[PDB]
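Here's the letter readout for the chains.
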Amino acid sequence: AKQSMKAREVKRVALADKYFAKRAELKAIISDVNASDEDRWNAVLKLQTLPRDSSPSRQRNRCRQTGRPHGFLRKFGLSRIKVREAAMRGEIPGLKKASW
Amino acid sequence: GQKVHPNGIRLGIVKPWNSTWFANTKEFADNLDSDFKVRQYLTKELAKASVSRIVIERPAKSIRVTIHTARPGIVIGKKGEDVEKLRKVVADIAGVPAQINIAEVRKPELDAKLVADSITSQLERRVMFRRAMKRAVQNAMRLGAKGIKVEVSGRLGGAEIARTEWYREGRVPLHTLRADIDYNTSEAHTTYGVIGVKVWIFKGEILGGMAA
RNA sequence: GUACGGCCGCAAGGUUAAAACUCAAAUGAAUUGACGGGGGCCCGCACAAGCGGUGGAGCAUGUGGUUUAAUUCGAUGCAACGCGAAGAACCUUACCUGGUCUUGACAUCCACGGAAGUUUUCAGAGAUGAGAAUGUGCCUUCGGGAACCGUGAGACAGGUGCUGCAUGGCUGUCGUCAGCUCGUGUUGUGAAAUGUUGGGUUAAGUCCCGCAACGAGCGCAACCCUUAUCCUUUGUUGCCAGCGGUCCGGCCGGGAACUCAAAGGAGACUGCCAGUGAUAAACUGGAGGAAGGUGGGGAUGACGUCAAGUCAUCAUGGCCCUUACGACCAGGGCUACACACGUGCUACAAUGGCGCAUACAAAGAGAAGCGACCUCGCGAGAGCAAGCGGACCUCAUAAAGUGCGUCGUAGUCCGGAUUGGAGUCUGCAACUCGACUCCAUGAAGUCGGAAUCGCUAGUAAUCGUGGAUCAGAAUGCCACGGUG
RNA sequence: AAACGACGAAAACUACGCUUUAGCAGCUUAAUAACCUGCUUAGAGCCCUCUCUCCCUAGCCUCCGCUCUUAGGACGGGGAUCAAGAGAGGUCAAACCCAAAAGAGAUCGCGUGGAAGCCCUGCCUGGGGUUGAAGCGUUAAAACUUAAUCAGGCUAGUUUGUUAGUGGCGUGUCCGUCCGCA
Ligand SMILES: [Mg+2]
Ligand SMILES: [Mg+2]
Ligand SMILES: [Mg+2]
Ligand SMILES: [Mg+2]
Ligand SMILES: [Mg+2]
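Keeping their order, the protein sequence lines are chains D and P.
The first sequence runs 2 to 101 under full-length UniProt numbering.
The second sequence runs 2 to 213 under full-length UniProt numbering.
Calculated from the structure, these hints are not laboratory results.
Errors might be hidden in some of the hints.
[Said to hold, decoys possible] Straight-line C-alpha distance at most 30 Å; calculated DSS-like pairs for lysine-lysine:
(1) D/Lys98 to P/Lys49
(2) P/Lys38 to P/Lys62
(3) D/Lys98 to P/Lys38
(4) D/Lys97 to P/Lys16
(5) P/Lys199 to D/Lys97
Use the sequences and the hints to build the structure in full.
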């Protein structure tokens with residue numbers, strides 16, 4: 002839960018949610034073979050000097066409440082230690098200890 | 002660190018939940034954070050009125066917060082407008098339209114939090130810790146309860162060594178899966194440090210489980 | 001019980017028997033714990049019995065040491081060492097190297113000014129400096145307001161820095177082992193004892209009897225979750241018992257007997273007959289029964305022990321740094337190494353590999369998604385791309401099995417690692433550092449000392465599939481069924 | 001190496017308190033009693049807050065969003081005060097709570113048939129596309145249509161290719177007869 006690391010992660014979202022269209026169209030163009038070599042090279046050179054830390058696959062999924070950089074779960078958006086205390090208190094509509 | 006948390010095992014038998022709306026793997030982290038924020042704001046806004054439980058619901062993109070307290074006079078205020086005034090701020094916090102409900106408890110000394118409260122207050126105002134403990138025990142026993150186990154950890158009576166002490170009157174089962182075990186925990190802040198207060202309350206045998 | 005003194009005795013010594021000086025104790029009977037190289041009984045794959053494995057050999061992360069700039073933090077006998085880490089190319093993650101800073105990257109605050117803002121121009125790898133093209137988004141009395149930027153400090157930040165010998169919370173072990181206590185009464189002047197002990201019995205302080213014990217709490221079981229026979233309800237995306245057309249496909253016409261789907265129940269309780277046992281509890285057979293003695297599996301971990309482990313999820317009383325331990329991004333290193341170790345995958349070849357018909361599972365995940373086809377590629381997958389928050393579509397012709405052939409005991413048509421090159425998935429970028437692919441060299445190894453570990457039934461052992469982490473990167477982790 | 005035990009016998013909100021009534025329970029031979037208790041309700045003592053008993057008005061409402069307007073009901077608007085009684089409650093209000101509207105009906109927003117810019121086209125002529133830029137129309141309509149017309153001074157003869165003077169710091173700081181770009 003470091004304050005220094007808690008701002009870079011939100012920057013990596015507030016900047017990656019803005020370049021969605023340009024990056025999508027560039028990926029489509031450079032992925033479709035029906036293009037021109039000079040245009041593709043210019044596009045990739047323009048893409049690479051875009052801010053580095055704004056890439057979608059350049060941020061580790063950080064926990065919501067405590068920001069633990071390991072064990073992040075898609076279902077709850079929380080780490081194991083916090084989902085334990087959440088499901089134990091009973092705030093998760095349906096989380097009961099189980100037995101198959 | 003030895004006993005299992007009783008609420009997490011009594012969730013699916015008798016004890017109701019505190020959040021049971023419907024989300025799909027996308028907004029529950031946000032819903033959980035909103036619930037935590039509204040609860041922590043409610044605690045700070047009603048630190049004087051004895052408040053025990055807060056339940057949340059989300060029917061059709063709208064948030065409902067139900068508070069179970071014993072002093073609704075402070076929260077209601079004169080002319081019955083402070084409830085709406087704070088509903089405004091909780092709606093602002095939650096974003097989606099909000100509504101609140103009050104479930105004032107008659108004779109609430111059997112509530113875990115409200116029976117673990119005001120003893121923290123006596124310890125803060127330096128009333129004798131043994132007097133506070135025996136008063137809490139007698140107050141929890143006089144209302145017809147069948148057993149209260151409250152655990153006190155850390156500097157009993159503003160001491161200098163974090164010790165472990167616990168009283169037990171009546172019977173307080175922990176392995177029976179039909180016994181209503183109301184459990185909670187609170188903390189007391191004093192000039193010498195912090196003290197922990199954990200309370201289990203055995204209501205009695207409840208057969209049939211849910212659906213009354 | 002010593003010296004002197006008297007007596008006795010050959011002697012050894014015996015007998016009578018002090019004083020000076022030191023201390024506030026020296027003791028005996030009994031009780032509770034503890035301990036014994038004291039004893040007895042009982043229990044658990046604890047031994048035995050078995051069956052498979054680990055030390056022998058590629059490889060994988062992990063551990064100690066070494067090197068290194070760092071080889072990022074802790075875990076250190078069971079109870080750390082495929083641990084946190086449910087997946088380190090940069091980002092990452094706290095370590096290292098160069099450069100920018102100062103109420104700072106991120107928190108409330110005043111004096112005001114600009115709507116916030118979108119595209120590009122440039123110097124620098126970058127850290128962030130200059131700036132232009134621009135926009136004036138909704139609103140009170142226009143000594144303007146919310147929102148967002150900008151500056152000036154001071155009211156403030158920040159710390160994955162340490163202290164788990166201040167702690168909360170959490171977790172593991174003893175240990176699902178069976179004990180740990182209390183109320184009253186009784187006994188002994190009393191500390192204390194009884195209950196809790198003793199025989200049967202059990203998984204048990206489980207049940208019975210006797211006994212100054214009688215009861216109660218935490219406790220052992222049950223109440224909680226699935227499986228095993230049967231009942232009813234609802235019949236779609238499923239079934240075709242019977243009937244019909246039929247493109248031979250359940251396609252529908254139909255239906256709710258069934259398998260399946262989720263809701264409520266009957267149901268195994270020593271209930272029985274016989275023996276044993278104390279005319280008990282119980283144990284053993286047998287009968288019914290789908291199941292029999294707890295019917296079969298899982299959570300639930302009793303008072304307490306280990307200054308047990310984490311101030312590195314988090315919070316946290318004190319020290320602490322306040323122009324740097326706070327903070328800035330790029331490149332490296334966490335992945336390295338003459339070594340030793342825990343664990344596992346991979347093989348030793350005739351029950352075994354090579355290929356060609358061919359078969360039966362459960363449960364799962366799916367919209368920045370799951371992703372049928374088709375055109376292709378010896379192969380990875382490329383292009384085009386239907387359907388689907390899904391009893392509808394995908395992942396996903398599962399294998400072991402089976403019938404054939406084939407090889408013939410050989411470093412092997414075994415074993416699949418190292419090597420040069422080739423593309424592919426993937427994320428801005430795979431020299432450090434991914435995985436997949438297939439052509440090519442085709443290592444080691446041929447059941448492995450002392451030791452040593454796991455299992456008592458649908459379990460060992462084998463075969464494949466599924467799930468979470470995540471741009472991809474599982475021999476690790478968690479589950480699922482088949483054989484047996 | 002350490003570890004004492006003293007005073008809710010200095011009940012710390014009254015939850016309005018304050019009064020009182022039946023039973024229960026801890027107490028023990030069985031009971032009572034204090035209260036040790038909570039616990040169903042009774043009534044008013046006693047401070048109370050709100051809607052009231054005042055009058056005026058017939059207000060009044062609700063499906064269509066507006067309307068004279070329709071069975072109807074629990075429906076109900078302003079002004080000073082309260083004499084004594086009555087409902088609730090206790091620093092009490094949203095939701096929980098109890099059942100709703102009959103029709104007419106302009107229809108404003110909401111969708112227009114001949115045209116102003118963007119399509120060869122960077123100034124601008126394009127009817128071949130179009131917008132509320134023009135007739136118009138109810139809970140809806142008298143349908144209707146942002147792309148494909150060749151080509152112009154269309155960045156303007158010197159910017160595309162011959163080529164020429166000095167309205168140039170040219171060159172290691174350089175004055176330097178000169179090499180070389182316009
Ligand atoms: Mg403290
Ligand atoms: Mg002598
Ligand atoms: Mg015995
Ligand atoms: Mg039987
Ligand atoms: Mg990733």
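Status of each hint after checking the structure:
{"no.": "1", "hint": "D/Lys98 to P/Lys49", "verdict": "violated, 36 Å"}
{"no.": "2", "hint": "P/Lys38 to P/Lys62", "verdict": "holds, 18 Å"}
{"no.": "3", "hint": "D/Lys98 to P/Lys38", "verdict": "holds, 26 Å"}
{"no.": "4", "hint": "D/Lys97 to P/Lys16", "verdict": "holds, 12 Å"}
{"no.": "5", "hint": "P/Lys199 to D/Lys97", "verdict": "holds, 22 Å"}
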